[PDB]
Amino acid sequence: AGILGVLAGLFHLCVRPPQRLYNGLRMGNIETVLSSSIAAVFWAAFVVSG
Amino acid sequence: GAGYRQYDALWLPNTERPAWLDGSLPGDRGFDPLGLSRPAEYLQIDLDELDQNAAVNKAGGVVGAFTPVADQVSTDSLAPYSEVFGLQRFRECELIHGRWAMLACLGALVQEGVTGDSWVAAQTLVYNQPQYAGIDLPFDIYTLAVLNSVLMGXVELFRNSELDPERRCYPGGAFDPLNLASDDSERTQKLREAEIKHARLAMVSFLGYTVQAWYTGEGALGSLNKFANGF
Amino acid sequence: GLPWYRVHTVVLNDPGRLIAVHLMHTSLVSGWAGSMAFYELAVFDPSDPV
Amino acid sequence: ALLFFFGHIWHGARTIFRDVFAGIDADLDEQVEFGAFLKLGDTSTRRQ
Amino acid sequence: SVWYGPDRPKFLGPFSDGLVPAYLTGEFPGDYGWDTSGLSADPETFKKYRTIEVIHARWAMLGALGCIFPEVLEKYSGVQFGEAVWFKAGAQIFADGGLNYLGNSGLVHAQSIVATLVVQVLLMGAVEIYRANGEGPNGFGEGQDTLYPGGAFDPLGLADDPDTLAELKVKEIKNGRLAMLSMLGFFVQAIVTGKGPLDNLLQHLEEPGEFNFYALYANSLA
Amino acid sequence: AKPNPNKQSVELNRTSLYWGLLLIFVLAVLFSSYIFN
Amino acid sequence: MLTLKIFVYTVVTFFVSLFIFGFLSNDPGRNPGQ
Amino acid sequence: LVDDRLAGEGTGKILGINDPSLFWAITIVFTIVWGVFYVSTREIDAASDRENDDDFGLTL
Amino acid sequence: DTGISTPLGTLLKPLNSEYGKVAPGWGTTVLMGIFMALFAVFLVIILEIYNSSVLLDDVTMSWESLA
Ligand code: CLA
Ligand code: CLA
Ligand code: CLA
Ligand SMILES: CCCCCCCCCCCCCCCCCC(=O)OC[C@H](CO[C@@H]1O[C@H](CO)[C@H](O)[C@H](O)[C@H]1O)OC(=O)CCCCCCCCCCCCCCCCC
Ligand SMILES: CC1=C[C@H](O)CC(C)(C)[C@H]1/C=C/C(C)=C/C=C/C(C)=C/C=C/C=C(C)/C=C/C=C(C)/C=C/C1=C(C)C[C@H](O)CC1(C)C
Ligand SMILES: CC1=C(/C=C/C(C)=C/C=C/C(C)=C/C=C/C=C(C)/C=C/C=C(C)/C=C/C2=C(C)CCCC2(C)C)C(C)(C)CCC1
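Chains as they are written, first to last, in PDB author numbering: chain A, 205 to 254; chain B, 65 to 71, 74 to 297; chain C, 2 to 51; chain D, 459 to 506; chain E, 35 to 256; chain F, 2 to 38; chain G, 1 to 34; chain H, 388 to 447; chain I, 13 to 79.
Since the hints were derived computationally from the structure, they do not count as laboratory data.
For every residue, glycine included, the Cβ atom is placed at its ideal position computed from N, Cα and C.
Be careful, since some hints might not be right.
Per label pair, the in silico range of CB-to-CB distance [as the list claims (entries may be wrong)]:
no., chain 1, residue 1, chain 2, residue 2, range
1, E, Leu-141, B, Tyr-281, 47 to 53 Å
2, H, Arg-392, B, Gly-219, 41 to 47 Å
3, A, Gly-213, B, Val-277, 22 to 28 Å
4, E, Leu-141, G, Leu-4, 28 to 34 Å
5, H, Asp-390, I, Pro-26, 57 to 63 Å
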């Protein structure tokens with residue numbers, strides 16, 4: 205997972221997001237980051253509880 | 065004029083050179099099926115309205131089309147090049163990768179011949195007990211790790227200080243003591259072609275090395291021996 | 002004025018103060034970890050681990 | 459985890475529906491007329 | 035300045051007015067007016083003697099530091115050389131373990147006297163040919179002073195001002211003359227006492243009125 | 002540097018104060034009965 | 001214990017040398033006098 | 388004995404130095420600070436717009 | 013009113029310079045969808061392994077695998 209994370213981080217450093225995805229997900233807003241992070245953390249909470 | 069055929075040669079017998087590859091670079095074979103060096107076009111999206119004092123806060127629209135100019139080096143120390151997808155930056159990356167791969171291939175072969183250990187187990191053997199050609203070194207592994215990090219960082223920070231994109235690949239000067247390809251002639255072009263071909267061959271060969279050790283569990287000479295003693 | 006449930010939205014468009022409030026949260030979490038460790042050490046009885 | 463599921467739902471709704479956080483437009487009757495446009499909310503498909 | 039011209043200090047104090055020659059006009063560093071034997075009347079021989087003196091000064095400074103360093107590092111430290119005394123440190127090349135740098139069996143570990151001599155001959159001959167010719171490999175160091183080159187030999191740029199350069203020249207020549215006198219002292223002390231330069235200093239400091247040349251060795255020298 | 006342009010003032014009216022006090026005291030009743038055990 | 005002594009000696013001499021060589025650096029000239 | 392200790396209390400050592408390591412630490416740090424201070428004295432003196440002749444200093 | 017200059021801010025400035033730069037069109041959405049599908053398949057496989065809905069020869073899936 206660390207190796208894959210490094211590779212994906214390099215990809216996301218090099219490649220710009222698509223225009224359609226940018227507009228759809230509102231990548232210029234920070235509340236979308238907040239919502240996605242909250243989703244990830246509650247997923248992780250369910251996994252660790254199980 | 066006998067014993068062969070008279071016959074620019076591309077990577078396919080019948081194919082056309084891409085527009086962005088004009089054949090001026092040394093190893094230019096017109097090979098770019100994915101078009102990674104094609105001049106990229108982008109778009110500019112206006113800033114989102116996030117004002118808390120306004121009734122309506124709409125998203126950002128398209129300001130207009132925007133195609134940047136690449137292959138320009140600046141004094142940034144963290145992003146010197148104008149764009150990631152440029153031909154010159156890709157050439158510099160290819161040259162550095164190839165030189166490292168050439169050194170790696172030769173060193174793995176020579177170390178395997180001299181010491182008798184595989185190039186994979188050599189890392190662990192040196193980690194447990196630092197050595198070189200059977201001679202125990204006077205340094206501790208912690209000191210060696212810190213020294214390697216510091217020295218490599220200093221060398222690469224020295225290398226990054228150049229600003230001319232041409233001299234970023236062929237610095238010359240103290241790195242060409244014999245003055246073999248330090249002018250502008252046909253003799254330097256052939257040497258650059260040979261260097262780029264050797265770089266590509268060594269890159270493919272070390273990808274070999276790595277995969278072969280992954281699959282068969284052997285090194286380079288070990289893989290040769292295992293292949294020979296299998297018929 | 003702002004309702005009591007919208008107070009922390011002032012740092013939505015302020016990267017510096019967003020970093021500041023995140024740093025404050027990290028400080029509080031680390032302090033809780035240290036204090037909880039000390040409190041558990043003050044009441045632990047390692048005489049019998051069986 | 460349950461409370462944060464609710465939080466995710468709330469914040470996603472707030473970030474997508476950001477322009478109508480204070481209220482809907484004053485005149486919003488032509489777009490919400492049944493069978494006025496072929497496509498829902500599209501004013502360029504006025505038929506049927 | 036203070037160290038140049040007709041008002042510079044002289045080597046006899048107030049008695050030096052009537053002894054200074056007419057060619058020692060105070061133009062070069064270290065000029066104190068000492069030419070009683072008249073060996074520098076010829077300007078060419080004077081220039082050659084100045085070059086010889088500066089080279090001797092640099093070599094003597096290096097030699098004094100290197101003669102006193104390993105002996106200090108062997109008593110007031112944890113280093114264990116094969117031999118720390120300067121006039122007995124050449125015999126380490128004939129030891130069973132060879133010559134180990136800083137007492138470490140994996141630092142230099144030199145074993146053959148002939149190989150070190152050959153390498154030294156090659157390197158020192160090359161550098162001294164470059165210095166004498168005033169012209170290094172591939173035209174390196176051309177047009178520079180044959181005694182104060184600068185440039186590649188001044189990486190830190192401490193001599194980029196002529197006045198600072200003159201003052202540093204005076205400092206260098208005075209330190210070098212002191213080092214030359216100290217190395218002569220080292221030689222004669224090694225001959226007479228037979229102990230290291232630091233041993234003599236420590237023994238003198240143990241009892242200055244009892245452990246000196248006159249109280250120990252003077253009467254046995256005739 | 003210049004004053005922060007994101008300055009806002011909070012507010013709370015008497016109805017909100019009464020609702021908050023009522024919520025606090027009712028929760029206190031219920032969970033105090035359950036916590037004293 | 002000797003390592004602690006060496007570290008403390010280094011720190012103390014560093015601070016005392018700073019004090020001495022700061023008070024030697026033309027201190028009676030850092031005043032708002034005309 | 389049962390344990391080990393430095394055993395230096397009430398001995399009367401010069402500057403408390405029972406070790407060349409301590410001597411080297413003191414000397415190295417002092418020399419470094421002095422060397423850093425030495426090169427700046429010409430610049431510091433020039434901040435008063437006066438030469439360091441026999442009349443220099445704060446006088447009354 | 014440009015801001016407050018700082019050596020570290022100047023060092024990190026190029027990393028925060030392209031706000032709205034986007035790739036025109038759909039970009040690399042299909043590749044990301046392929047990766048998403050592979051991730052979903054992997055998650056299903058591991059969930060079924062834990063749930064004991066799939067049985068593997070060498071996987072004990074019990075406390076006895078600590079032996
Ligand atoms: C309970 C219903 C639910 C609802 C209504 C929403 C609603 C929303 N989500 Mg959230 N979300 C949920 C659960 C939910 N989510 C879960 C469980 C996760 C996983 C952690 C997420 C993670 C998530 C992310 C990462 C993002 C959102 C965002 C969004 C917004 C729109 C985008 C969206 O449609 O995503 C699609 C949501 C789906 C749940 C539909 C997919 C249906 C799945 C793939 C079913 C496929 C079936 C399955 C493979 C069958 C076999 C399984 C079997 C072996 C058990 C909106 C607020 C997006 C956003 O705009 O945020 C600002 C975004 O960034 N969500
Ligand atoms: C990951 C962290 C996180 C973050 C950074 C935010 C951030 C934000 N939230 Mg969201 N939210 C989250 C998770 C998060 N939320 C979750 C899990 C939920 C579901 C419960 C919500 C539900 C939610 C609502 C319903 C609202 C927001 C709103 C807001 C904004 C203002 C909040 C406010 O000012 O409160 C100020 C809070 C108080 C004055 C006191 C609250 C005290 C609570 C009741 C208990 C005391 C808490 C305790 C000390 C610490 C908690 C422990 C920890 C384990 C959680 C801000 C952008 C507001 C909005 O959208 O603004 C436009 C809003 O209306 N959020
Ligand atoms: C350059 C400075 C210098 C310094 C600091 C020293 C320092 C030392 N010498 Mg050495 N010495 C030197 C040069 C120097 N010497 C020279 C040039 C020679 C050859 C003539 C000698 C030959 C020598 C011998 C034969 C002996 C010493 C010994 C000693 C110790 C003093 C006891 C003694 O009887 O001295 C007497 C000194 C000499 C015979 C000549 C010194 C002449 C120089 C030019 C004087 C430097 C002046 C001095 C620092 C201050 C004035 C004091 C004095 C002149 C009244 C002391 C560690 C003694 C020792 O090791 O005992 C344990 C001892 O046995 N030295
Ligand atoms: C003398 C030059 C002065 C130059 C200028 C000095 C400026 C000073 C600035 C202020 C510094 C104050 C803090 C100093 C801390 C370091 C010292 C320390 O802790 O040492 C503590 C150490 C203790 O050393 C101990 O020794 C033991 C064995 O004896 C063991 O080895 C212990 O392990 C070891 O710690 O003591 C010394 O180093 C001795 C110092 C002796 C100083 C003599 C000075 C002589 C000249 C001055 C005479 C007058 C002095 C004043 C008298 C009247 C006072 C009212
Ligand atoms: C001035 C005048 C004037 C008038 O007119 C006249 C007259 C008088 C003549 C004059 C005078 C003169 C003089 C005095 C001189 C002197 C000199 C000297 C002493 C030198 C030395 C000189 C000296 C010197 C160089 C020295 C050197 C040294 C060295 C290198 C060393 C080395 C080494 C070492 C490190 C260590 C090891 O282990 C060993 C060895 C190897 C050994
Ligand atoms: C200044 C400083 C310092 C100090 C510091 C300190 C001392 C700190 C502390 C800190 C701390 C000491 C902190 C703490 C914190 C805590 C917290 C933050 C907590 C929280 C909690 C909570 C939030 C809870 C909740 C709850 C409840 C109430 C009940 C049940 C449920 C729950 C769980 C929800 C020093 C000198 C070092 C260094 C320099 C600076």
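Structure-based check of each hint:
At about 42 Å, the CB distance of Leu-141/E to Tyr-281/B disagrees with the hint of 47 to 53 Å. About 43 Å separates the C-beta atoms of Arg-392/H and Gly-219/B, a value consistent with the hinted range of 41 to 47 Å. For the pair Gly-213/A and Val-277/B, the supplied restraint of 22 to 28 Å holds, since their beta-carbon distance comes to about 24 Å. In this structure, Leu-141/E and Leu-4/G meet the distance hint of 28 to 34 Å, their C-beta atoms being roughly 30 Å apart.
For the pair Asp-390/H and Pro-26/I, the beta carbons lie near 59 Å from each other, so the given range of 57 to 63 Å is met.
Taken one by one, the earlier hints fail for this structure only at number 1.
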